[PDB]
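Dumping the structure here so I can ask a few things about it.
Removed from the display is one protein chain of the complex; every other protein chain stays in position.
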Amino acid sequence: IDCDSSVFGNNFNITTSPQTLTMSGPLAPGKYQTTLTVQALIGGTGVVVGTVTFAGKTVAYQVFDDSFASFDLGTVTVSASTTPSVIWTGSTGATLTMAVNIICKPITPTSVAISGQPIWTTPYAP
Amino acid sequence: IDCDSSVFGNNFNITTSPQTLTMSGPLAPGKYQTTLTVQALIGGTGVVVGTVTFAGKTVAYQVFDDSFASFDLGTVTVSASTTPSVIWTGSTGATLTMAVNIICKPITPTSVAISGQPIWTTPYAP
Amino acid sequence: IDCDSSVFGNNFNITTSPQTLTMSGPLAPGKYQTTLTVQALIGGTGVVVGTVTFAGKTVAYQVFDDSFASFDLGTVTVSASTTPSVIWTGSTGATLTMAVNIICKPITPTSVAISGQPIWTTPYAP
Amino acid sequence: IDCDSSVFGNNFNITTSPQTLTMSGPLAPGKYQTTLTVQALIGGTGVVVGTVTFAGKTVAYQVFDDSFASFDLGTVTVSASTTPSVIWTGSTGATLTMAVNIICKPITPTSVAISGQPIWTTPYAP
Partner (left out) sequence: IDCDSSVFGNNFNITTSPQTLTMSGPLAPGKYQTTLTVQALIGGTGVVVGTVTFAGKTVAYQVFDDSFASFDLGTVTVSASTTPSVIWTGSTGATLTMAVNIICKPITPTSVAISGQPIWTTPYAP
């Protein structure tokens, strides 16, 4: 019935302000709820600050040792179908592996079940 | 359809009790559901306690090594449009990078789908 | 419209079985959904087990290095308005900083939107 | 109104395949939504794999350094009232403290609020 799209990428760090075109993501033509998961291991004893821009949105990201963070982001529109992509900034280096996942869902009406019948009603406005 | 606002900031630590005006946040004029994500890497082998005040609300924050914490916070009002900002306190130092993100959503009615029709009803009050 | 109460505390460790009266929490007179966030940094290379009692409820808590854990706890009543407070137990020591946050929400009806109109109904019971 | 039951335990590791009867848990007679929180600190520089069986369900668990994981588990039945208990397996040792929490909730109808009145309806089937 309902659909899904988890577009994803596994990347590296070199230039400040780089794009990362997202792997194997064909399109997200319609409306969607959206989420980010991000984490990045560090080569050596160094700490890394950074920020992640997706679609007019931006996210803070301190790190050292082990990390994992997620973000719900409500109901992003897609005005016209395109490939997913992510711009971001922060310190880069010889070794600082990156892992980033976008998950987006179609918005659908929720099914419901009614309790307490019969249910009161009047023609008149409240 | 629905809107969103993830206002954000990436900062440092010097004075006790400082404000951090939040980056690139124009306004949040209406009612909103709200959330915090906070994490802060440590320069050197030191641990840091701290607390974060947003809007009449305050949050505890122990840390060492790697950290990441989030908080749902229900339905904050915005009486009049302003720039987002965050006051906080705790130990500061030569190196203790900070990363903080606010995400807020408009509150909207949820769409629903009805199951089990036809549905019972009576004019009379229960 | 809807209200909120994030009562909070930032504390230390000395005696077994201590109370910690919670900072700046005036009252929670009515019914509420509730949540805990807890984390505690360790002075030195030591591990700490502990348990946290709130309101007839109790929570397990292993720790070393960095920690952060959260708990939803459904719909706690408040029979009469009081100050928030937390009892707990476990190993204590020279340095083991504690951070604990309670977040509670009023329970309110959810707004809804109806899909699929017109909606079928019959006077007769199913 | 609504009830709750957070049954809990703080334990050790010796035999493979042990039970841990859960502390201070009197009964859960009816239907319930359920959740696990598990974490276990390590004595020494060692890593621990393990799995946790609850009620016909089983859970994977790698660990080293600091850990914390949670699991929603939908709507477990309780055919007849009993004490909570947990079987599990994996490497054990001289020091590997365990912390495990079960939280379960009664399933109740959700209250709702209606938007968009008046609402269309027809006697005829769709």
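Should a chain be cited, it is by its letter among A, B, C and D, assigned in written order, with residues numbered from 1 in that chain.
The criterion applied here is as follows: contacts are C-beta pairs under 8 Å (C-beta built on N, C-alpha and C of every residue); 3 or more make two chains touch, one makes a residue touch a chain.
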Kindly name the visible chains that come into contact with the excluded chain.
A, B, C, D
Under the stated touch rule, tell me which residues of subunit A contact the chain that is not displayed.
1-2, 4, 6, 8-10, 23-24, 35, 37, 39-43, 65-68, 70, 97-101, 103, 105, 110-116, 119-126
Where does subunit C touch the missing chain, residue by residue?
65, 109, 117-118
In the complete complex, the non-displayed chain touches which residues of subunit D?
31, 47-49, 51, 57-77, 107, 109-114, 117-122
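One rule holds in what follows: only the chains that are shown with their structure count from here on.
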Could you quickly compare B-C and A-C and let me know which has more C-beta contacts?
B-C
Centroid from C-alpha atoms only, then distance subunit B to subunit C, rounded to Å. What do you get?
17
For subunit A and subunit C, what's the span in angstrom between their mean Cα positions?
28
Residues in subunit C with touches to at least two other chains are numbered 65-68, 70, 110-116, 119-123, 125-126
Chain contact topology under the given definition, line, ring, star, complete or other?
complete
Full enumeration of touching chain pairs:
A-B, A-C, A-D, B-C, B-D, C-D
